[PDB]
Structures are given as C-alpha cells and as structure tokens.
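Just one chain is shown here, as structure tokens, and it is the form deposited without its partner chain.
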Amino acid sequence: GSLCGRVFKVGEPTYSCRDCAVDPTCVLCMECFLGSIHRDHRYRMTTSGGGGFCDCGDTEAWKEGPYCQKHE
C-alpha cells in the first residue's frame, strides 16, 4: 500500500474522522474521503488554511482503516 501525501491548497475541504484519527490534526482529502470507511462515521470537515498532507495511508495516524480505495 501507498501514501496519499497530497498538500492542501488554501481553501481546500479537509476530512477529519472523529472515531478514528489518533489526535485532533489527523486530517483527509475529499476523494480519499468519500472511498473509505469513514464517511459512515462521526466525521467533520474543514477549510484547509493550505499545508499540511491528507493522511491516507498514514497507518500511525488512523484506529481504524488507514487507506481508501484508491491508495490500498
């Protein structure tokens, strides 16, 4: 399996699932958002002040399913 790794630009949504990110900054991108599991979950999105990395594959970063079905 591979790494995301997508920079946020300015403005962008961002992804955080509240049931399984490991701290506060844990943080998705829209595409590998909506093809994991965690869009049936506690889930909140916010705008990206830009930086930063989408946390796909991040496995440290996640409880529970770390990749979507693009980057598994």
Contents of the next structure:
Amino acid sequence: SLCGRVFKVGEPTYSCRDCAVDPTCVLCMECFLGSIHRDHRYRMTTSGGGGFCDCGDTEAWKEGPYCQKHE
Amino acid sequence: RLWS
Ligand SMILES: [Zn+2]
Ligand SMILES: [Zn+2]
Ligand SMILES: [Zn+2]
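Next up, the form deposited with its partner chain bound, please; the one we just looked at was the form deposited without its partner chain.
Full assembly next; the chain just shown is listed first.
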C-alpha cells in the first residue's frame, strides 16, 4: 500500500527543495509526479542505484508526505 | 533516503 521502492541504476530521483526536511529526502518518479511537489522547486538526479523512495515518511516532508497512489 |  506504500511505495518502498529501492532505486535502480539510472532511475530518475527527485527531491522537493521547498518541502524536504533535509537534503537526503527523495522520491521516485511515480511518487514525485503524483504528489503536490510536481508544482514546487525540485532537484532531479539520475540514481547511481540503491537508496529508497521516502513517500509516506511523514517525518521526511514538511507538506505532502504521500503521493496520490500511496495516500 | 539517498544512498551515500
Ligand atoms: Zn516512490
Ligand atoms: Zn508514493
Ligand atoms: Zn514540495
């Protein structure tokens, strides 16, 4: 019911510069584009692999902790 | 979180 995605090599990753609690907080593309943060200032990277999507971690986001799929 |  929640995301829990582990990033794969080459996978696009997004952080909301406005809402992230700190610079380690990130979303997969599915969760980013299904969240409020698609209309905010963001930082996109291409993943080296490993790490995980923070969708649903209510302590990672100051607003919009979930996307529309996982709410 | 990002892996680093
Ligand atoms: Zn996700
Ligand atoms: Zn999600
Ligand atoms: Zn945001």
